[PDB]
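As structure tokens, one chain now follows by itself in the form solved without the ligand.
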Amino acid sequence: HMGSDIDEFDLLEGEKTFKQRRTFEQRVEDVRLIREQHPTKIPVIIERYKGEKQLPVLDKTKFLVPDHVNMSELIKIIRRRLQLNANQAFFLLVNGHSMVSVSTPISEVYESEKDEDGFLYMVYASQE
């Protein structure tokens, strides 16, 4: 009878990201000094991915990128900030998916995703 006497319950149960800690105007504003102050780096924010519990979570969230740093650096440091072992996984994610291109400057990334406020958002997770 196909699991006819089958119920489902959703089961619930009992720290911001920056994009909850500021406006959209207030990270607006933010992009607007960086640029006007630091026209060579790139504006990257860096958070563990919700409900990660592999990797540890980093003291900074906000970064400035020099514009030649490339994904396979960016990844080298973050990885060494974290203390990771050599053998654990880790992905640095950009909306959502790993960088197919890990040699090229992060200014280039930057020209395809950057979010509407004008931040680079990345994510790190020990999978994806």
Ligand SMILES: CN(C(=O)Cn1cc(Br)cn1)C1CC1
Given for the second form:
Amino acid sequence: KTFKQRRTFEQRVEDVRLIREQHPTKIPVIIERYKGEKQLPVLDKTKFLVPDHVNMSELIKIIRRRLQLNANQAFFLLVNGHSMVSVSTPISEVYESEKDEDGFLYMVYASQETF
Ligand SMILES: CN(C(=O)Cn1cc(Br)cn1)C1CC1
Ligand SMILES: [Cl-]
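Give me the form deposited with the ligand bound now, not the form solved without the ligand.
In what comes next, the whole complex appears, and the chain from above leads the way.
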């Protein structure tokens, strides 16, 4: 069901190496609904190429637009398993400190802060 489950470490690593060659200015992000989540819908896709200059605040807005949420729905985004310390960091900076060993940046979203 989950991405890491669907693809071998060898396949996830090769996918990241190709995004580097074909989309060198993009951050390879896996965005996944929390396996618990009741309220928010699932995304149309799993794998996003994020322009490496957007900060985490703009990425939340993108995903809320993608889910077509409205003003008073709540949305929480974990990066690499934990809360974001700051939303003003450029995703290029976040990638270098929070990327997995396969080379993707893993994110999970839910409606409560208690995932
Ligand atoms: C970039 N972006 C997307 O819609 C995902 N995407 C674009 C290509 Br090209 C492939 N995937 C949003 C998250 C910032
Ligand atoms: Cl590019």
